[PDB]
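Peer 1: Each chain, letter by letter, is given below.
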Amino acid sequence: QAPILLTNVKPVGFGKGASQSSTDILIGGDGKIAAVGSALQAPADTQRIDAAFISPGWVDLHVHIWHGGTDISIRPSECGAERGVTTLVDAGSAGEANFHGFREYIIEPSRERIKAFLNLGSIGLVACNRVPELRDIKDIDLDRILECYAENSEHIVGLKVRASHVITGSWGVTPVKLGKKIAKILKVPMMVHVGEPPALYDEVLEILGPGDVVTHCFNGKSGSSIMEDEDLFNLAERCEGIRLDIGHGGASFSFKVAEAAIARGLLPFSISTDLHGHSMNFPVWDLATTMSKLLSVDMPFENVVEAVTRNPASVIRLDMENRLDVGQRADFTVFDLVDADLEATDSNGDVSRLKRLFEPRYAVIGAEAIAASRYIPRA
Amino acid sequence: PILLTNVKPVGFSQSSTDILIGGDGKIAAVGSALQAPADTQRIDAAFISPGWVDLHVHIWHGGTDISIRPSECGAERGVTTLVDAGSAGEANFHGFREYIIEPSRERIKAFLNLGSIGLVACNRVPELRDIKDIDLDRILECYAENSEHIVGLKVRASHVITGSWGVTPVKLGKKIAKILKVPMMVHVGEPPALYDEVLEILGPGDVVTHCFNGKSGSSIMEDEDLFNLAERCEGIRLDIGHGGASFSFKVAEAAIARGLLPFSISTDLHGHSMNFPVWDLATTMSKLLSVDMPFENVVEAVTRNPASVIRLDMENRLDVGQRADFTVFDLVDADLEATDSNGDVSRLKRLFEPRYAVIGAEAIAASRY
Amino acid sequence: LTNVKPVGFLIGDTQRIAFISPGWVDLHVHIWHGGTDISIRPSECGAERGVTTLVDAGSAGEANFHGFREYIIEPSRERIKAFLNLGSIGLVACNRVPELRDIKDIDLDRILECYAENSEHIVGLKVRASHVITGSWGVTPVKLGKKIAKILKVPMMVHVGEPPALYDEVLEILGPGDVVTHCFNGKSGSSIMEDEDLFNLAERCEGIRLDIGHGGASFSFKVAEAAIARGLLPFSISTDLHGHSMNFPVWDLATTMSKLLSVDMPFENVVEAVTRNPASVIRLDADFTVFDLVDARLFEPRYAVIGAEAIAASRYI
Ligand SMILES: [Zn+2]
Ligand SMILES: [Zn+2]
Ligand SMILES: [Zn+2]
Ligand SMILES: [Zn+2]
Ligand SMILES: [Zn+2]
Ligand SMILES: [Zn+2]
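Protein chains in written order, with our numbering: chain R, 222 to 600; chain C, 686 to 1054; chain Z, 45 to 361.
Don't read these hints as lab results, they were simulated from the structure.
Every residue gets a Cβ at the ideal spot worked out from N, C-alpha and C, and that includes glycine.
Partial pick of chain C residues on the chain Z-facing surface, computed with a CB cut under 10 Å:
{"id": "1", "residue": "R814"}
{"id": "2", "residue": "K817"}
{"id": "3", "residue": "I819"}
{"id": "4", "residue": "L821"}
{"id": "5", "residue": "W850"}
{"id": "6", "residue": "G851"}
{"id": "7", "residue": "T853"}
{"id": "8", "residue": "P854"}
{"id": "9", "residue": "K856"}
{"id": "10", "residue": "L857"}
{"id": "11", "residue": "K860"}
{"id": "12", "residue": "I861"}
{"id": "13", "residue": "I864"}
A partial selection of chain Z residues facing chain C, derived with a Cβ cut-off under 7 Å:
{"id": "14", "residue": "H175"}
{"id": "15", "residue": "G182"}
{"id": "16", "residue": "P207"}
{"id": "17", "residue": "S232"}
{"id": "18", "residue": "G233"}
{"id": "19", "residue": "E238"}
Please model the complete structure; the sequences and the hints are all you need to start from.
Peer 2: Put into structure tokens, the structure is as follows:
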């Protein structure tokens, strides 16, 4: 593997003490940072220049990449490196039933770092929303979940529960409490999706605790929106440990909800694209576009980059310190923030025209440097 | 180029001959004592026939929990055509096709499951709970674009799966199979969905697996009215689904004595059935030979019969130009203990012994599990 | 009346100046306005559309037929009859809240009671045998429906649809006088042109009446052609006119009549399957409907005459 020299990059999203000024980075054939400085010299190696931003590889904490195994999932190549995303976290596409399938077909052969939230339900998302995975307790197998996690602690970062009547139907919070019980036993975080009331947003925040994650935090749907209920809003703002995740995905993101939230100081902990076969082409295009929508409703730049690197990484226990150090395995994402006039639409059909766009250029994993680019809607 | 020498053809008549297979994997010549030039030669002593077919197996290795890899019940076991029995429903059929069908050496066919989630979590999370598990539309769509892979619909009709639902699912399954103009393989088990009723819905071409089980409520020997209906059922194929609960020497020996033999001999192979009850298709063949089903008859139940169900052409296989596809096996004398899905043990005095599986220009060494 | 051409067979003024037949009858409509979410007003289909005989297809069950009776039947001009739904709640929340979910939905004693009390209103029992309504129990509510209707001496209108409750299986239960609605639907699993066996059973079923339940998804031109152009033609032309079908696919009874004329059904049979035939189902025999097939060919309601009362009929827009 030949070494690489990335020249003219502007380090962002690293330590609080990382120089923001332009630099050059040298990657060794072993995919490790050989040097970092104002103008290094190199042997016979791929030299790439830009003009700008470089940060640790983007982490999309919420995707569905159980391609083939489930019906709703996409491929990691469709939302990964070619997009500037280095770490992908499948969000409960697989349960204990076919996780070994996910590991062998999706995790092991992928060039990106792939972690997964194990679904509380056994059948995961094979027939997503058509044949609910948490229809009752026969769908939950605690012993097999414990068995599954023990054999895949290197891959499974927590449990997922979709607390919404479309999935859980009529028994609401029970599965969430059960979820919390097993998560506590496994000593792992819990990511909970909120939607159509029956298994109320308010109830979930109550049972959750430090490190837990609520995805779809800023959905603008009746019965789940934090802006229609001041009591809910006050609780979300109070819930002090609980991670709020955008998980934008066709029905879970509203510009209006997010605007109001950010104006009141409530920022999302992490920005994610609940990307799958039905949200990729239209609503959500890619993480970059999602980062652009948050930036458009006043989330300071530095915080959006952080809600896509350091923050989601903490949830999955991904070490992201001293990443620029020599010897550290190169794991970056080169992107620009350019002026534009693009219209993107949220999960509420509301259209907004972004004036600035995160635009990934290269995703460099070790010695490999992949040409990245925003998703172009083939429709 | 491969030159199989000293093989005794069956299932195709002729006698001890030789087969030369060119590089393109097609038969170049078949005759006694052929002469070849600097190319591999495989000799023996040793029957040969079209590549064995397992009409009932469970692959879809990672998409489901019970399934096994096709390399554990395929070529190395002397089997060239595997037919997954409903491991996938419309929900995740692709994927089965991308991960299992496409990369395999053997011809891999599949019965699509009437129930969308198929056997992801086999038996634990029933696939045919209610009507919400059958998406008529998606089944037609899926088939329309996988017709070269899907050979039929599958509807496991027993309470462990269908709970308190009657033959209703079986009736629906039948209506759809007609629309798709394909056969339906039905599984019979715990009485809550009567064997006697399945046969009545089914038609010619359709298959019934677990046809010789020894479980109360679904056995053909305990009910003289059922047994009679089984033999009357003239177009309906009976397939042994020897798995972990669907075969009984007792029943077979009884049904074969009365001149009712199985149409096909399949091994309902999966995680929980490979290791103990059934081992490989070979052993199951020896099992049926053991209860008086004639040798030529056994070989046919593993080649022409199953193939006729999956519409796999098997005519003139030894001709020049035909793709090489055979199972080189022996029939040795032995005395090893084996048992059915009812614990009932038996002593096999003769055993089929896969030697090689020849698929095109590739000859893989084979053996019993 | 003058310049009227009688087909299919001056009261107390004036009479206008071209066809004329007995007031048309829609055997399948939903006019339980107000009482159900899906029903339309009795005057959005009917007199002003050239239909003097409306028949509600199970909008009401025993639980609120009385409400249908005084709010719709009595104050209305047209002759309103109705099939009582085997299911208590009826179509109060159509499809959203199924009427035949379980046996707890049928009340044999109240169905009997209800008929006894409205035998001059109710013309039969209806059953929506499809998985959208009956979920996983297919024929059970149909066999049960027949049983009740039988011991009720009235006809039964059975709607077929999504496969679960098999079209095939329904035809086997029915008897002469019974009516199958949505007969020429071109939807998967329920179409009579995707299973030679069904069409055979369809034709072979010489008693059982086939009705065109042209609703939001039950009438197909292709299916219509193939059948009607091979012998089996509809015993009666109907328009499953509800709050979601009137405004788009099946505008008015006339349009549907014209659709079943644009295929292969002769004028003689179309006009008969809108008067005599359907009338024989609700047991019917001062009352007129004048129309004039034009060019574009389609029917055009002109006038409705209900005893010294002529209304300016005119198709939907
Ligand atoms: Zn979700
Ligand atoms: Zn999701
Ligand atoms: Zn089985
Ligand atoms: Zn099986
Ligand atoms: Zn209807
Ligand atoms: Zn209707």
